[PDB]
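Encoded as structure tokens, the following chain is the form deposited without this ligand, with no partner shown.
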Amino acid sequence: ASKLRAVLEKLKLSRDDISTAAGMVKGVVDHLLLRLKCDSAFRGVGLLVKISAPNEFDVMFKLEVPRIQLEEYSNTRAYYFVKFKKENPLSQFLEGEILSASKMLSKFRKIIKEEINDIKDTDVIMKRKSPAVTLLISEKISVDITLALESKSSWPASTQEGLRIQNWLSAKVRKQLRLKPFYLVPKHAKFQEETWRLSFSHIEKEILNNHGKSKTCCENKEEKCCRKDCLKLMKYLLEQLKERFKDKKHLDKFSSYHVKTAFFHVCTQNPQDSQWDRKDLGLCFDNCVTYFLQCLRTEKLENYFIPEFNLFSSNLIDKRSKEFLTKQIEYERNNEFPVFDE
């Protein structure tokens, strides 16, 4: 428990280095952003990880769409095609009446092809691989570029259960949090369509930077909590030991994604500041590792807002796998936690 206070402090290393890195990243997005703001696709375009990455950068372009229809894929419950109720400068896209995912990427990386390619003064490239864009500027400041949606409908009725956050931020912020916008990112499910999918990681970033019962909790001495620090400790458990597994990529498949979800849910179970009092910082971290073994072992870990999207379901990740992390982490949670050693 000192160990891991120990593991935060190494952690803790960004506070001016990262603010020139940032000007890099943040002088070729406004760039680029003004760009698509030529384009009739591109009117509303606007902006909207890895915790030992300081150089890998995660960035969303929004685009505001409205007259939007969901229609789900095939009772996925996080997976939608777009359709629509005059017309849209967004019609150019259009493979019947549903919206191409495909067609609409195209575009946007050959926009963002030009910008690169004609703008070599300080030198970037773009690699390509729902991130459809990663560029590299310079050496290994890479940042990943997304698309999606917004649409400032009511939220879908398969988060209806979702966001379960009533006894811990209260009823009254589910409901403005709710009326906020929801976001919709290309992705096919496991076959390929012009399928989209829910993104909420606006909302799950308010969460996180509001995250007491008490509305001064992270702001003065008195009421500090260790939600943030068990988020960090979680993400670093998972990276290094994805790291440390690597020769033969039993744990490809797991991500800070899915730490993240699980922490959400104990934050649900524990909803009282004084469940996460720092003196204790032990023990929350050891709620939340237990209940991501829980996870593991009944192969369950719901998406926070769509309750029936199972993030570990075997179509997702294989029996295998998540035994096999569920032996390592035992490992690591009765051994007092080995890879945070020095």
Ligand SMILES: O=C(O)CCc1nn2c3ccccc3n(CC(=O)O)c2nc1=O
Contents of the next structure:
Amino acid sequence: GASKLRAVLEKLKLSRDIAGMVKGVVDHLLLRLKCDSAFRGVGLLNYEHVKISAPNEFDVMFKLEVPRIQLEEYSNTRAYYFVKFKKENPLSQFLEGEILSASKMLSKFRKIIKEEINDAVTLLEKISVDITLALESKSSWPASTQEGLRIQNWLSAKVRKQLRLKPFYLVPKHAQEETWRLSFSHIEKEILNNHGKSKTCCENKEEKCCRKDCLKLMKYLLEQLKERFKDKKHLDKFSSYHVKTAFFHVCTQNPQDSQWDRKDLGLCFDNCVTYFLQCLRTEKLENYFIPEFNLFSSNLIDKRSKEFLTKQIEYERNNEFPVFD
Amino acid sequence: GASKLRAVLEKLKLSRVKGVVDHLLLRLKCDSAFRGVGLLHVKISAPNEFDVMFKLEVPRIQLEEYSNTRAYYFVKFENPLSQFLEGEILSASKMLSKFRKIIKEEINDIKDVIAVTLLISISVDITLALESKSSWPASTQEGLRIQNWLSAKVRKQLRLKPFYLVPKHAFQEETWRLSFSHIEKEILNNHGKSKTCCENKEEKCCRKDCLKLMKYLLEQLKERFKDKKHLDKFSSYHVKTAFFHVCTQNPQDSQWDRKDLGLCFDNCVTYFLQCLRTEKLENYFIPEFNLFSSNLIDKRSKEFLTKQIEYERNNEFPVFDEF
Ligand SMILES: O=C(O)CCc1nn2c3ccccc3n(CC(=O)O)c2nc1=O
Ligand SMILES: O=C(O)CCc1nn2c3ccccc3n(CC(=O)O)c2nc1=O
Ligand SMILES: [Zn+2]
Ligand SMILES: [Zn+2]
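The form deposited with this ligand bound is what I want next, because the block you gave corresponds to the form deposited without this ligand; please supply it.
Up next: the whole complex, starting with the chain shown before.
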């Protein structure tokens, strides 16, 4: 009974000329940001719609390369780090000790943005834009990612070796307000747009896979229930990031394109539901890149919250997903 | 059938200058005209001979095709190469002379070391190549037909990479010729339709070994008939070009199973022979350039190579063992 899923995927495409006009404003923001000494080498990372149900909301990431870093891990959190330096730092005014202050460099970031309005941050009638700034280190990835990104049986060890030569990024997130969180935003995009074991996956009629459709249906399912139960607040800590990482673990578990054939959209999606449910019950959802970081730990999400989402998802599947209508 | 063939590949594995190049890259970078200069085995039977190409990015180039040759171009344009201008043309004649001058005076500082060929105790051949980060020229539009093999997605990615121009006489002595040897390497080392080709026992393919055997067979015939000199104009580049066309014809990894090495190599030999007889071997990247036209290679030279190759294939390739 995948015809209901196929219909949903067609309506989600309906709500997709949606348009590129924040690329004007982001271009004008990027001009005066380079005029400052601290943000000279800042360029755009990639639109990127976090919410697949709100095409009128975008998200862009601004990257600034840092020349010389020695990273310092906060406690055993393995995802949050202190950024310490090894010429003349243009971010020397953001130094609180040996630690580049996240808060300091963010404050300057919003100031110049609030100075271009008269001509992290979210910008205004029916469109919004979420802006994030990230450090770029072209160095080797930290030791916590050594066992992550298990794509060797799927996209090959050769591709994993090439992806890990690319730079990694750090975004400002509290852990304590002096920490930076690892981010591989660029890698998840590259993998999803180059997702088959076959290099010609989805390029011909004989190799049509349903990986991308399963991810979309997964994100739509969570957003729909997040708005259905928007009052209880039990679902507020659940985001499409959790759904994406679970989908990537499923791709690792099912590496052949034979296991994602478009005919089997029903079972593929159902197996994506099931793995997500299993992570909820056992309270275990490892970061795809940082395998010892548990997104579904009791420290970050309450068990009662996961039990409510499990109950609702199981209800939806048992009744042919009325959430989609 | 692959018994003798695999025994030949096992010998070629057993048979497998850094400093000299590094000391040359520094004293060359000291010159203004060659400020941006960086790094980027031609023979399988001569492992005491290496091959290296030095790249130098030229910022903004305006190419002009020389008389519908599709491969040779004049390069027109704070310019560090204005010393080598002969009007508005970057004269390859003057560019390659200043190149040899710095090297010839630098191998004086290893005290015996004698485009340019170095002799050590071992031989190294150095080539100079301008790099343009622009889009590839129009003569290349229909080349690199890898869409059914390595995917159109990959073809557009490789097409975003820079191309290179090498000083080669066309004779007009200041023309530059297109070069994509960097693309050839990436295709050869990432060669399957499946990204895990040759990464497990289930997906073992015989593409790389098929090309090695074709290069070996050519290099051996060259040594065998080196006196008569009919085979001097042939080279590994012709063999590699025919191989890439066979990869385009046979895009599935199942048509290259390691079990079928005998059939695959015989098919690779057969297509190369077809290129010889019909005198047609398109450049893989510039399809309108025929490497086997009678302008470049004598037809009797191709008929001599055909006769020799056809004898070897009919007699289980005896030339693989004689030397
Ligand atoms: O991938 C990106 O760059 C942004 C998306 C994203 N990454 N991310 C984490 C990455 C590492 C560790 C914890 C992380 N958390 C914790 C959370 O879910 O709050 C988190 N949430 C996110 O939304
Ligand atoms: O750098 C590269 O592209 C590979 C090396 C290489 N390229 N190349 C040619 C490229 C275009 C036209 C003719 C070409 N010929 C033979 C010839 O001049 O007829 C040739 N021999 C070579 O060894
Ligand atoms: Zn696909
Ligand atoms: Zn292979």
